[PDB]
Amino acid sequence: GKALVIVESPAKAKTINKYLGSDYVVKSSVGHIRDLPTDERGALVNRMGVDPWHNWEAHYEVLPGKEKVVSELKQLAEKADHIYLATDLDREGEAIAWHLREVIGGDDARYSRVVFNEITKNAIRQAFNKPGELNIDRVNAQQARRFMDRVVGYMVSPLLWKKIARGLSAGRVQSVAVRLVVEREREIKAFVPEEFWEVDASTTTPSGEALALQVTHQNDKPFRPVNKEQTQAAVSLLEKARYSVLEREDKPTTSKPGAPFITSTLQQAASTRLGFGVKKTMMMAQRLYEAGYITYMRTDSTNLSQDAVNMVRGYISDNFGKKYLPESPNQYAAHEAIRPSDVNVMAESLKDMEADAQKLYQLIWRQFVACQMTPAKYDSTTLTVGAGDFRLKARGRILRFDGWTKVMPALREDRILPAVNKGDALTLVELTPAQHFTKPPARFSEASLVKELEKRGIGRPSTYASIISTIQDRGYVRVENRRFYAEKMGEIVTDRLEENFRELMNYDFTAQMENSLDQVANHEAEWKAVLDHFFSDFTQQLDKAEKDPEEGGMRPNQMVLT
């Protein structure tokens, strides 16, 4: 007589209940009900729980002390007329819904898989208005990923215990992430700082106003001495020269707001401006989503539905005015970006959320509102000065219309160059030479790394976070002073893998694996055939590595005596 809606958390169950009628009975499963344990070897297969030699037959099983919830669910299902699987919208979630249906059992007709990217009244309505079917192709792409990760972990690690040291761990993508940090460590250690100088000048305008200049050219060539003498000979010529304005360029510039956030950008901005580490940002964003305050937090699309765009433009014109509203909406390009659920709920009205979780909502709110507001206008100015065989420059800027910057904290902005006409005489007041120093490549951070991971097509919205925490507790890299450092062991294992598992360590290849997984999700490839090909390439590599080193196997971490 009544429907049984299943979600995966108590917090999510509370919120979705505010939008489901009497005929619905929501229930969470407080976690994963079923999963994997914890030329073939039964010993191995059993521990892995997947058999790559008998066409990937698997052995799932109810998780620790979960046998009780399985019990409570089965009975709720028989008293129910229909069963609605409302797990999150990503692949992992499509898999967890699949497990709930496998466990409970019954006829496929008994189940529907609904989808939504935010838990609100109207969003729940459409979700349960035209429900959907479980998508086996997506489930398969998810298990494909899980199986190959198992293969690498459980079959490479044992070789490491034998060659390097017991306790070491291997990861299909984790090892590639550690490789990036190792290359960076080495470029930094090999960097040779170079010396170069700069020369500034303070002058007087005709009216007598101060003008600060910077030398740029000498004999119509860029200015860059390399020592103390070169700068001195240059400075000696500049003290005698006559200075005059060679040109005045006046032009209006603008600065647009950024697009609405995505998993990648949120982490980068939460870390750069708020000081929050990736893990912290993702644990808080999730609580906000499940509480009904923001849209799903795992995305890579900057789309905004017409409803959101119209509610925010409404907000913009009521609270800011006609001049901040663009003639037509800004279009940045089936998922949406990370944005507030209701623009009218402020960060300070957040009931049951704490300090930092509120600051993250604020950051998300501001970006969203800013992205639909007009550009900021400035008046830019450039003075080019001539002095004997030299040429100097000075730049300035004045704000005309704050535009989108209206919703950001009011400025603490240095500028304003005195009034001067092309041809006036400046008087020299003082010369200040300054010695500089080239700088070595900066060190990654949990920010720049997700960034780099995305840039190379290695990461993935739902994996970036765990990738960053994984490579950290195995002793390959550490975070001190909010920056990444490569440990010795990390360089030690990265060279070994790089020499006996070239394919697995290659950046292009692991990125192509992601495309392979997408192809399985879109029905353009069969999962088992894909696992077969990955396994075929994987075992060929693993065989060579197990041999003795004089046969071309992995090098032992030894230092043979005198």
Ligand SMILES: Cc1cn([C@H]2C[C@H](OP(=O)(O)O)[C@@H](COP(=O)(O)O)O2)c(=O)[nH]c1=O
Second form
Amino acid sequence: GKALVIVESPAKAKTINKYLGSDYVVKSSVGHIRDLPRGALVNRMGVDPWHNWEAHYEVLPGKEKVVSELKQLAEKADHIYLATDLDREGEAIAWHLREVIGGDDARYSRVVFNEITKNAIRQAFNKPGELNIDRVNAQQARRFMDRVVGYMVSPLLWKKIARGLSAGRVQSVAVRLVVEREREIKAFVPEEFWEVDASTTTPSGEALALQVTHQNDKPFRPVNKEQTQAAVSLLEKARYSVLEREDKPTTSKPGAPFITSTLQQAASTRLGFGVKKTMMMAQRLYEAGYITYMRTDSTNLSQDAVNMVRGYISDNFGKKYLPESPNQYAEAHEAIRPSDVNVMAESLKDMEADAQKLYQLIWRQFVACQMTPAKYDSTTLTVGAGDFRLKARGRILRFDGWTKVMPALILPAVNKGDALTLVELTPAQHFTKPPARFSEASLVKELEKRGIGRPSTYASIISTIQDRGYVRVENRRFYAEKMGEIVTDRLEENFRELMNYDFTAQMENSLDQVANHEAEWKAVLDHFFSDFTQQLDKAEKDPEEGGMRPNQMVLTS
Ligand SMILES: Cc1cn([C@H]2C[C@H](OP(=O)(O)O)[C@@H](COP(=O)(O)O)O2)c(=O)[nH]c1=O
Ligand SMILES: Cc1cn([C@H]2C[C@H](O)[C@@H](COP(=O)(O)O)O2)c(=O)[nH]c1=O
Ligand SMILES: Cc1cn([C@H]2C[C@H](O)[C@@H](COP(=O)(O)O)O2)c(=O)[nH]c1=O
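Now that the form solved without the named molecule has been shown, please provide the structure of the form solved in complex with the named molecule.
Every chain and every other molecule in the complex is listed next, the one we just looked at coming first.
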């Protein structure tokens, strides 16, 4: 008569089983159990846009075994707990388990937790919740419209452009961003601008480096060899002196604990990890109960989490690193942080080196976020030389603050009015450089920025656009393929709304309204499908009627 606890993976089962008494029987479904696959089109999609979005879910291959294994486990249990992940997909999976197993809805509870620890599991089963149909509807809505775009747009692409090509509701918009970035880079015309550095000696022979900033009180920006040399000869004869000294106490505050998007960026910048790699390892860490749920865009930290880390900072770093009050970064979810701050990367049980480095990265950002600011004494020397003004910036670390948890890593003395002796002038030619190429994690950042992605879809978006001749990662950077641009233009021309960034961001909002009972999923899908078929209908017409242009290059005749 024990309770049945269902999770989606063996790894998560093992971890949660350590925190559930013998009264519970943990069992992983190891997969989605059930899911989707002119009536022909409807059957292929498994969803019917014409019959009020009636769906057709069938158990995945070899899962009928898992199904028949769960039912009998349920008949021996007084209650079934669906402990799927906390996001919508997880809710949907919980729904699929409750549907497939059957029985009284009262026999089912929906436990929510953002980390698999003793206390988090206790709090989750002490106040078990109900399955939220709206989050399930929100998830299915997303899924249904992705199926519609993919299965209804792709065919048009095969007929008009080339067979084998794919279309993705959000994938096509992600690609568009890369394609626009590609075109920016292709059209960019580098511009030449000069800079002039001056080496000088303070009264007491100390070396001081300055860069000219003003000439005639106007920004010094020579654009060629002659203008620079002309400025150089004026500068070689000028008398140098410190027009003014400015000593200001500055500080650098630690960043907020990680959320999905920032974790990916930092893992990509500091560890060279790609999005797929970071998310796969994040999941590994989360499922082993080492970090909080890795799909979040909430920077909140629970009081226990904050008090725990503050205890760590206090014992391991000291009073000077402990802020008076806990840092508050601005839902109900939490940031990606380690579950136990006292567990070090080196102490993780079965995690490969890279998974340890990701944890370490998460741990440090977490601890640092709750530490005091670093203090520096910033100095700004402004030097006058004839009609020129030169600058020298520098700072010395007074207190490392939060930087103490990061790996271990000089303007001379001079008073206002002191004369500087010129030693050498160094003119340097530079050129404005084209916009940086998106990186996997950098594209996500842009996606988030535009409210296009979502914690649990960012990674899927990145991968899903990568193996379809549209865009490719070369040296950890995105490059737009010819087909990518060809398709992106076709879609921009005949599926404007679908390709529009705001509308795409708005759809994410529309999905949030469904998840929050502020909109009905079918009506939302109806509206999406309405705008969609209208776009699609004109796209299918001959180009002479405003239809999509075939990817052809007609000869002279
Ligand atoms: C997570 C992490 C941060 N940091 C420091 C480097 C950055 O400071 P500087 O910009 O002053 O170099 C800052 C970046 O934080 P984020 O990774 O959150 O962006 O935190 C490390 O040195 N190593 C790490 O592994
Ligand atoms: C799994 C999944 C989750 N989510 C999200 C967004 C929110 O963080 C959370 C849903 O929670 P909410 O119902 O309380 O809004 O999960 C998506 O937007 N798409 C998905 O596919
Ligand atoms: C080209 C290159 C990028 N990167 C990174 C850092 C960032 O995570 C990402 C690109 O982001 P950025 O445009 O903000 O620099 O890829 C490396 O770590 N090494 C490299 O050699």
